[PDB]
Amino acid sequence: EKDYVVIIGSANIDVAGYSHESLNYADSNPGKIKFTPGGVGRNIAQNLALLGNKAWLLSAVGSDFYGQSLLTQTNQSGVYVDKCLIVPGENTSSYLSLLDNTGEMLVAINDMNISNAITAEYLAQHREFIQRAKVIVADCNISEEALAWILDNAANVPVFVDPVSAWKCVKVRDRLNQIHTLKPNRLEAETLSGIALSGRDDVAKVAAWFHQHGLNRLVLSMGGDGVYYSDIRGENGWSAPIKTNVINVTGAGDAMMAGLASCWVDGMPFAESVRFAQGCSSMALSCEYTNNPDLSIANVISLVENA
């Protein structure tokens, strides 16, 4: 009772549609449409609840009914959504995705403007609660002002930051000294550091840069080459990817971030926390949904000790 994690990020509705018999353009074509809960912050929060952590989501949804049902589904994942800001006169953010029979994304749209409602004033209304969490997880979907507020008011609570995308990660560059753990991929790390990752001989170089700019811990996902982890105190290593039957790649990074934060709270060492996080992402990859409902400590452990 009372150890908890705060997750400040975006909460979305992911709508995935594919036509079943080819695409007759400029015509309604019969197919399959799915509404899944999405958004980096929300997804991470869910994975944290599934990993047995008391998780509070600090996000923004619309005054529309569908946002409130998003909050409801998330709440029945175990997540505490009671502090989520509901914005009047605005609509809940969403990720529209047009795929095909195979499952290859043809085109996609995103309406993530309400992420800007996650304002510094809002988190300031929860300052003390935030400062009494065991760890804070933030995604870079929020504004530069909001992230800056978080990093400036963390009161020595470790902030784990998900850089999200190559475009959205840049807001992190000048504040690496305020981040406990960053989890970029190849493109994000290259974009931040300004150093190309053509070979693995480059990762050290990249890591050095990060450490020179004040980053405490780096968790660099290199996809099939694996994960490179580096601690500013000198510990660094490679973790091979978990052999996984990949059916859907969505939700992988979210599960990884959740694994990292959860393991930090559980007092686990860096390397084994990374392996565990890889196990979480592995569970995410082997699932059709963004969040694998079978994500558990026991099953991730089982998956990991398979190797």
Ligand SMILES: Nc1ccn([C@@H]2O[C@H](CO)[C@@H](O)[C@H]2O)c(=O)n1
Second form
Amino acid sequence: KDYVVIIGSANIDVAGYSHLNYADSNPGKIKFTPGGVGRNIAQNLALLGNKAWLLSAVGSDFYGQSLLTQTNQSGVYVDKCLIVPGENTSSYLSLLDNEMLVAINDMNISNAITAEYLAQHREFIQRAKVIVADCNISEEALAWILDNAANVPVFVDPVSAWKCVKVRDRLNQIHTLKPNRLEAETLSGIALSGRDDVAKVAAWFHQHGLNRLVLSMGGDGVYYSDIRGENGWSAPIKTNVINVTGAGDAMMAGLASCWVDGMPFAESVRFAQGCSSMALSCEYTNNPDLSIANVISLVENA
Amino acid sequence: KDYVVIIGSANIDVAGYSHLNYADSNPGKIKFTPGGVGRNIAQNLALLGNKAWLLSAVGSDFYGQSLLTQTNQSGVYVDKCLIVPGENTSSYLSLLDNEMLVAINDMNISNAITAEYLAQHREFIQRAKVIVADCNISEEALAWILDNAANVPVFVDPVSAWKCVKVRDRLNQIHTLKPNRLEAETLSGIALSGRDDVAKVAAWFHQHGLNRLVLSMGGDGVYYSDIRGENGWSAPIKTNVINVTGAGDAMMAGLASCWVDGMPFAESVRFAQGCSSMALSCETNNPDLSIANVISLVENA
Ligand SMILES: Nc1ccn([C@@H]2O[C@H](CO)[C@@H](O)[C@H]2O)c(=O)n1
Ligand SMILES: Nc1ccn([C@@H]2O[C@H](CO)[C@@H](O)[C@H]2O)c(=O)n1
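Output block for the form deposited with this ligand bound, input the form solved without this ligand:
Next comes the full complex, this chain leading.
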């Protein structure tokens, strides 16, 4: 009867690529995928075996409902997602070829994921084993979550260099933060020129109250640091990359899930890297063969 | 108990525009609309009051189903549209700004609208009052429709200069064709430099067996020609244009509907221009397209 609550954005990623001249309806291939940091994390959690509830917002349009339906039939409990009237479901348009040419994001219904909304589900939220939130939601909403978590661990996905900032004044209310290099630099105000700077950055995070830091450094790997003193590097699982999208989402799901499973920090980080690799090796934004079994198999195969 | 059958493509048009440049997550606005020539025509027919059945193809994906649902309580009977497994629903991606920049069409699922499929609905098709087909479907499928229409008038939308050509060898099996300038030039092999050339083009169409020609000339207007001798011009309803998509779709719906209503050719053409205008004045289908509101637009001349 243990459930996980994910609070974030649910999107539709539309990817189009040609077989290219401008001012012409050029024949190509278009894919509709389910996306959104929060939604993706919820789905990866469900594929990891946890009972996951999504608290998101989608429009009164029909395509929103089919986003919810697809997600529900991925295993996610979507029956508390807010269907918002009059406004259209958010989306991530993306023009590729072979290398993305351009991308557009329409994500303002995220501001409908309000404090009043979450307050309507206060007790349900406060009786989860862990709450996962992304920084796509408004500063007020994130503030409400962190203010009303009732000692339920909040895992936060910073999303981008632009949207991580709302987290800076609230690191003492966050159980685990997973920033990349740029996001960590943006938050700390300290340059991460190289691997010699992670200690100083992490020390900045810990002095500002962050319980746990999971710092993805790209090729450098993952540097993890606990305010109680434990820290270390984990070198990347070397992989066959085909997509890069859904990497961090899978890693976040891995961290939250492993936490719920009672796993220690370091091994949870390694496992999360396993998840991220599995995501990196799959045509879609989420890998439907993400499961405890084959990430574990990817990890013992070291 | 009179129904109309529309056989064509059902798409999802996704339009995105920013507010600006490249290699970056650019904040903007994205719109999902229901589209596809056939589907649009069916919807306009339903808004005109006719009982319209759509014979189209959509993927096993969920967004296909939401296209179908949206279309259904737009008034269209979609319960015979083919849900095709394994393949994804066709779509029209379009990158704009303030002026259309680039566009992609993924429409290979149109090839699932097969002869076999339509043959599974032979009798239902053959007892409609009129069949509307677009040239997005395969040459074989259009050939099957025209070969098995059982004297039910087939109205054909040429769609584009690229796809109108499959109609060239079969103008004698078509009740009404609605080409634009470029499509007419492409079909006839005769240049339409100016308004003095419509006669020779139309004569070419009639000599190759076309019963009725409805030729949209843009600013020049609409030239209509009947193989039995009636022909004429109709000047445009002058309008407040905000988008242009769904114009020809609305006109085709107007022609088919007016035909079913027993209206004469010319008056049906004028009415159809009214419909196309109503479409031109609404951010692909106008939900206030109706006999009332078109007649009001036309009597207001
Ligand atoms: N500001 C943004 C940008 C992107 N996304 C979603 O993130 C997914 C890939 O991680 C993509 O599926 C995309 O929809 C998001 O939630 N917020
Ligand atoms: N080859 C094509 C190109 C476009 N379309 C559909 O036509 C509508 C505008 O008339 C748009 O909604 C678009 O989806 C089509 O059915 N086939």
